[PDB]
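Chain residues, written in single-letter form:
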Amino acid sequence: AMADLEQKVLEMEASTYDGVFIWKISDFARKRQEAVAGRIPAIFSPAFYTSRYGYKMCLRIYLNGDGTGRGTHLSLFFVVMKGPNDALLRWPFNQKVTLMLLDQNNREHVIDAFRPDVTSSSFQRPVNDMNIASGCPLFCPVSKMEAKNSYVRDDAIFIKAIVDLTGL
Amino acid sequence: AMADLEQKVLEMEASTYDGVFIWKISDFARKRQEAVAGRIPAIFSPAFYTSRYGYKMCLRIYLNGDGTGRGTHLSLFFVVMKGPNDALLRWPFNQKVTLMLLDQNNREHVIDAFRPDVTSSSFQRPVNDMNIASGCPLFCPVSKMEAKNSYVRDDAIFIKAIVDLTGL
Amino acid sequence: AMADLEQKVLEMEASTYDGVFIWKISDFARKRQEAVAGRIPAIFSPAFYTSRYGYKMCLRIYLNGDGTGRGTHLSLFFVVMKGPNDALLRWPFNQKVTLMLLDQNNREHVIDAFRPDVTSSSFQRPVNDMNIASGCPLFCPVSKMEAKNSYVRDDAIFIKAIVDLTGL
Amino acid sequence: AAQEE
Amino acid sequence: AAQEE
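Chains as they are written, first to last, in the UniProt record's numbering: chain F, 334 to 501; chain G, 334 to 501; chain Z, 334 to 501; chain Y, 232 to 236; chain W, 232 to 236.
Hints are computed from structural coordinates only; laboratory data are not their basis. Note that CB positions come from ideal geometry on N, CA and C, so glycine has one too. None of the hints are false.
Quick list of in silico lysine-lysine cross-link-like pairs, DSS-like style, CA-CA up to 25 Å:
1. Z:357 <-> Z:493
2. Z:364 <-> Z:481
3. F:364 <-> F:493
4. Z:341 <-> F:357
5. G:341 <-> F:341
6. G:415 <-> Z:341
7. G:415 <-> Z:493
8. Z:415 <-> F:481
9. F:477 <-> F:364
10. Z:341 <-> G:389
11. F:341 <-> G:357
12. Z:357 <-> G:341
13. G:493 <-> F:415
14. G:357 <-> F:415
15. Z:341 <-> G:341
16. Z:341 <-> F:341
17. Z:481 <-> G:415
18. G:477 <-> G:493
19. G:493 <-> G:415
20. F:357 <-> F:341
21. F:341 <-> G:389
22. F:415 <-> G:341
23. F:429 <-> F:493
24. Z:493 <-> Z:415
25. F:364 <-> Z:415
26. F:357 <-> F:415
Here's a subset of chain G near chain Z, in silico, CB distances under 10 Å, partners left out:
27. 341
28. 385
29. 418
30. 420
Given the sequences, and given the hints that come with them, work out the whole structure.
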C-alpha cells in the first residue's frame with residue numbers, strides 16, 4: 334500500500350485545477366538516453382484539470398519522438414483521461430489545447446496549439462482509464478534542445494500545457 | 334498508521350475552499366440497501382471550506398430518510414464541524430446553504446435552500462468535532478430517484494452543496 | 334518512509350498558492366517556554382507560494398526573540414526557499430512582504446511590512462534549501478502578548494503573511 | 232491533433 | 232528587513 338499511497342500523494346501534489354499545468358522533468362539526460370535505447374520510450378505526466386470538477390487530463394512525451402517524429406523529434410501528446418465527474422461534462426472534449434517547451438532563458442519558447450477533432454476517439458467520453466493520446470509528433474527537433482541551447486538547464490526541462498476554458 | 338494516512342489523503346483529495354462542494358456516491362445500489370436494511374443508515378461526506386482559512390463543513394445523507402422522511406425520503410443534512418481557524422471566524426454560522434441532487438440528464442435538479450437559524454445549536458461555534466446536522470429531511474422522494482429516472486446513472490449519484498459567501 | 338511521507342502530506346495540507354498564509358501555532362505556552370529555556374529557540378512554518386508555480390517561502394519565528402530582540406521580543410522572519418521552479422522566476426526576489434500577529438478579538442493587529450533589499454543574500458536565487466531569513470527582530474514585545482491580552486487565546490496564536498503580488 | 236502510434 | 236542572527 335505504502336507504494337500506492339505515495340503515488341496518490343505525488344498525484345495530488347502535482348494536480349492543478351485551472352487548465353494550466355507545468356511539467357518539470359529532472360534527470361533529463363538519463364531519461365533522454367532511456368528514450369534512445371528504447372528502454373523507456375514515453376513518460377506520462379501527473380493528472381491536472383480544467384476546474385475543480387472539470388475534465389481530467391495529462392500529457393505523454395517521447396524524449397526521442399514517436400511516429401513521424403521518432404529518433405529525430407520530441408513528441409508531446411495531450412491525453413484525455415476518465416474523470417470522476419465525466420457524467421457531468423459536455424462531450425466530446427472540444428477545448429483548444431496549447432502546449433509549450435519552456436526556454437529557461439526566456440527568449441524563445443517552443444509553442445504549438447490545436448483544436449480537438451470532435452470525431453477523434455481521443456476526445457470522446459472515456460471508457461478506458463485513458464483515451465488515445467494525440468498532440469504534436471514533431472513538437473520540437475532534438476537538436477533544438479539536447480546539446481545545450483536554453484531549454485535544458487541544470488539537467489531539467491519544463492513542459493507547459495494550457496487548456497483553453499471557453500464555454501466552461 | 335498507513336490506514337489513518339490514506340484517510341487524510343482522501344479527505345485532502347476531496348476538500349475544496351470556495352464554498353462549492355460536489356459529492357459523488359458510488360455503489361449507490363449497495364449503499365442504498367445498506368440504508369434500507371438499517372445496517373448503515375447515514376453517510377458523512379468529506380469536509381470542505383468557505384475559503385482557505387474559513388469554516389469547515391460536511392454533509393450527512395440518509396439514502397432512506399431520517400426523521401419525518403424516514404423510509405420514504407432521502408434526507409440531506411449540512412454539518413458545521415470544528416475548524417482549525419474557528420477563533421478567527423464570526424459566529425454563529427450565518428451563511429445561506431443550497432443543497433442539490435444533480436440530474437445526470439440535466440433536465441431538473443432537485444434543489445432546496447435555507448438560511449441558518451442563528452438560535453440553533455447547529456450554527457454555534459463547535460465544541461465537539463461536529464455540531465448537530467441540520468437540513469432537509471424531506472429533501473427528495475425515494476421514488477423520485479431509485480428506480481431509474483435520471484439522477485442515478487452508472488450506479489452513482491451526485492450531491493452538490495453551495496455555501497453562499499456574502500460577508501466573507 | 335512513513336514518517337517522511339506524513340511530512341509531505343502535512344506540508345501539502347498547509348501550503349497555499351496566492352501569497353497569503355495563515356500560521357496557527359498550538360501549545361503556545363509549551364513552545365513559548367521551550368524558547369525561553371533555549372531548548373527550541375526558533376520555529377519554521379510550513380511552506381507557501383506566490384502562485385501555483387511561483388516562489389516558495391516560509392516563516393521563522395523566535396517566541397523569545399532573536400538578535401536585537403532576544404529575551405524581550407517575539408522575532409518574526411520571512412524566508413525565501415529553493416522552489417521547484419526557481420529557474421522560471423525573476424531574481425532577486427523583489428516582492429513586498431507584510432507580516433502580522435493576529436489579535437483574536439480583532440481589535441489591534443500587530444502589523445509590519447518591508448520591501449526586499451535587492452543587494453541582500455536573502456533574496457538572491459537559492460543555492461541551499463533556504464536563504465538567510467530576514468524580517469523583524471523587534472516584531473512584537475513579549476508583554477504585548479504572553480500575559481493574556483487577545484493575541485493568545487486557548488493557548489494559540491495566529492501569524493499571517495501577505496506577499497504582495499505586483500508584477501507576477 | 233495527430234494521435235500517437 | 233533585518234537578517235536573523
